[PDB]
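Based on the sequences and whatever the hints tell you, model everything.
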Amino acid sequence: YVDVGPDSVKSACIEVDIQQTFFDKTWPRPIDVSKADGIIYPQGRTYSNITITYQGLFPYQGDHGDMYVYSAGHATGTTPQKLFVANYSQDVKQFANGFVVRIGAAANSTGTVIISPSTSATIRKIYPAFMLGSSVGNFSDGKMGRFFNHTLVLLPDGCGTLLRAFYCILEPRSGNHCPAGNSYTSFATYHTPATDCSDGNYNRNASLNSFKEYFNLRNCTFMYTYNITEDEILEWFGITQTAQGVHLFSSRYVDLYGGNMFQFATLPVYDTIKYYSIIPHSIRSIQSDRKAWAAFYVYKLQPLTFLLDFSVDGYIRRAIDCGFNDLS
Amino acid sequence: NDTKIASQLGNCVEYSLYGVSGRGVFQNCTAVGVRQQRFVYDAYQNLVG
Numbered sequence: 018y019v020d021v022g023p024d025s026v027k028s029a030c031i032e033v034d035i036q037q038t039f040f041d042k043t044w045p046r047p048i049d050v051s052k053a054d055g056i057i058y059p060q061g062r063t064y065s066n067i068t069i070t071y072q073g074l075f076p077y078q079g080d081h082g083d084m085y086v087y088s089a090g091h092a093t094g095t096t097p098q099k100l101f102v103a104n105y106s107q108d109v110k111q112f113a114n115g116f117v118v119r120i121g122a123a124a125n126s127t128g129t130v131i132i133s134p135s136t137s138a139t140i141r142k143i144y145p146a147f148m149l150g151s152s153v154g155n156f157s158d159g160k161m162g163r164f165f166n167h168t169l170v171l172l173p174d175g176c177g178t179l180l181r182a183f184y185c186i187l188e189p190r191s192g193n194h195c196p197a198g199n200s201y202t203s204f205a206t207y208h209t210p211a212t213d214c215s216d217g218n219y220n221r222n223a224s225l226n227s228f229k230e231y232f233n234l235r236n237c238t239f240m241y242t243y244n245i246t247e248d249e250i251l252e253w254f255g256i257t258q259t260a261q262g263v264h265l266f267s268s269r270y271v272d273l274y275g276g277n278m279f280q281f282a283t284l285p286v287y288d289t290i291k292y293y294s295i296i297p298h299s300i301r302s303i304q305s306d307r308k309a310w311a312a313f314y315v316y317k318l319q320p321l322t323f324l325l326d327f328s329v330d331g332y333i334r335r336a337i338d339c340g341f342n343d344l345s
Numbered sequence: 592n593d594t595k596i597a598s599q600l601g602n603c604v605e606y607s608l609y610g611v612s613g614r615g616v617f618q619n620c621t622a623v624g625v626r627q628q629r630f631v632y633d634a635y636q637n638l639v640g
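The listed protein sequences correspond, in order, to chains J and L. Following the entry's author numbering, the numbering of the first sequence begins with 18 at its first residue and continues without gaps. Following the entry's author numbering, the numbering of the second sequence begins with 592 at its first residue and continues without gaps.
Some clues are possibly wrong.
As the list claims (entries may be wrong) - Listed next, with one range per pair, are the computed distances between beta-carbon atoms:
no., chain 1, residue 1, chain 2, residue 2, range
1, L, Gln627, J, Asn66, 12 to 22 Å
2, L, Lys595, J, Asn66, 34 to 44 Å
3, L, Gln627, J, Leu344, 31 to 41 Å
4, L, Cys620, J, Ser215, 42 to 52 Å
5, J, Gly79, L, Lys595, 49 to 59 Å
What the hints assert, rightly or not - Per the computed footprint, the stretches of chain L lying under chain J, defined by three or more beta-carbons under 8 Å from a beta-carbon of chain J, are:
no., region
6, 619-625
7, 628-638
Unchecked claim - Counterexamples of contact, computed for chain J against chain L with all Cβ distances above 10 Å:
no., residue
8, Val109
9, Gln111
10, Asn114
11, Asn155
12, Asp216
13, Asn244
14, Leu321
If you are wondering where the hints come from, they were derived from the structure by calculation, not from laboratory data. Where is the CB? At the ideal position from N, CA and C, for every residue including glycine.
Structural data, given as C-alpha cells:
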C-alpha cells in the first residue's frame, strides 16, 4: 500500500466544541452567467470569437449557493485552547453529478472573525478540505456522516501551496475526543501556524498529521500531490465523475483572471460516488494573532444548455442559461 | 532513417494528429486562443487549425 508515513502515536484528540450558531451569516452569491461565472471550459477543443450553443453540466444560474466559513479554534492569552467549530461534519450531501466552488471570493476586503466576530479582523483566502464516497451511516455515538469502505480525500496541507489527494480507508480511534471513544463530539482537523508553515520550511504534513490524530489510515491505495502558489485573486475549483473516473478542475492553471475552469488533473478511481461532505478545519493560532477568513461557496451541477460567447483568446466571456427565463 | 514528416507547408496531404484525422493543407499562421487546447474548431466542427 501507499507510504502515507507512520501512524500518529496518540490515539487522543483535541476536543471539538460545536459553536455552529456563530456561523450563521447571510452572504448569498448568485451566479453571474454573463461574466461566465462557474463555466467549465469544453473538453479537448477550442473556439474563435464565434458564439456557439453548448450542452454540459453546469450550476443553476439563479443558485446563490451554499456558504461555509472556516475559523480559528479557541485560544486565550498566548496559547491554544479547545476547538470552536461549525457543525459542518454533519452536512451529508447526496452526490449530484459533481460540483463547483468559489475560493477567495471575499479576499482583499474586511469582515469579522465569526467565532469571535467582535474583533472585526480583515478576511483572507483559505483553502477548503473535502471527502467523497459511496456510502454513509451513523458514527458509533449516533453522529451523522460516518463513511464506509474507501473514500476520496482532498486536503490542502500546511499552507495553501501544497495539495494532496487520497483514495484509501479510515479507521476510528479510541482516544479521548475521537471516533471510537465515547467522549467524541465531532470530527475536525487543524493547523497550527506557530510551528506549521515556517517561512523557510512550510510544513508539508501539517494538515495530514492532524487528520491522522482522529483516524488511522488503513489500506491506502492512492495518493497524489500538487504544487500551488498563493494568490488572493479568486479561484474556481470543482469535481466531476465519468465512467473514466473522477476528474479535477480549476481555473488557476490557465485562466487566473477570467475564471474559466479547466481540467487540471484526473483521478484513477471510478467507484461511484454517492455522497459528499466538507471537512471542517480550524486554526490553532494565538487569539491576539487570530485572523478572519474569507467566505467559501459551493454550487451543484445540472445537464443545462447555454449560449457561449467565446473570446478571440477562447476564454468564455459571456453565457446564457436557456431555461432561466423566457428572455433567456 | 526517415523523411521527417512532422510538418509540411504545404499542399494537401492526409494527416493524423493524436488519432484525429483528415486531409488538408497546413500553413504557418498566427495564434488564436485557447493555447494548448490543440484543436481549434468552427461552429460546424470543421477543424480550423
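Hint by hint, here is what the structure shows:
no., hint, in the structure
1, L:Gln627 <-> J:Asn66: 12 to 22 Å, "18 Å, holds"
2, L:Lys595 <-> J:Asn66: 34 to 44 Å, "35 Å, holds"
3, L:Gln627 <-> J:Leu344: 31 to 41 Å, "36 Å, holds"
4, L:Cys620 <-> J:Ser215: 42 to 52 Å, "50 Å, holds"
5, J:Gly79 <-> L:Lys595: 49 to 59 Å, "56 Å, holds"
6, 619-625, "holds (count 3)"
7, 628-638, "holds (count 7)"
8, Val109, "37 Å, holds"
9, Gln111, "33 Å, holds"
10, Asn114, "24 Å, holds"
11, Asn155, "46 Å, holds"
12, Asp216, "34 Å, holds"
13, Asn244, "18 Å, holds"
14, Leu321, "20 Å, holds"
The structure shown violates none of the earlier numbered hints.
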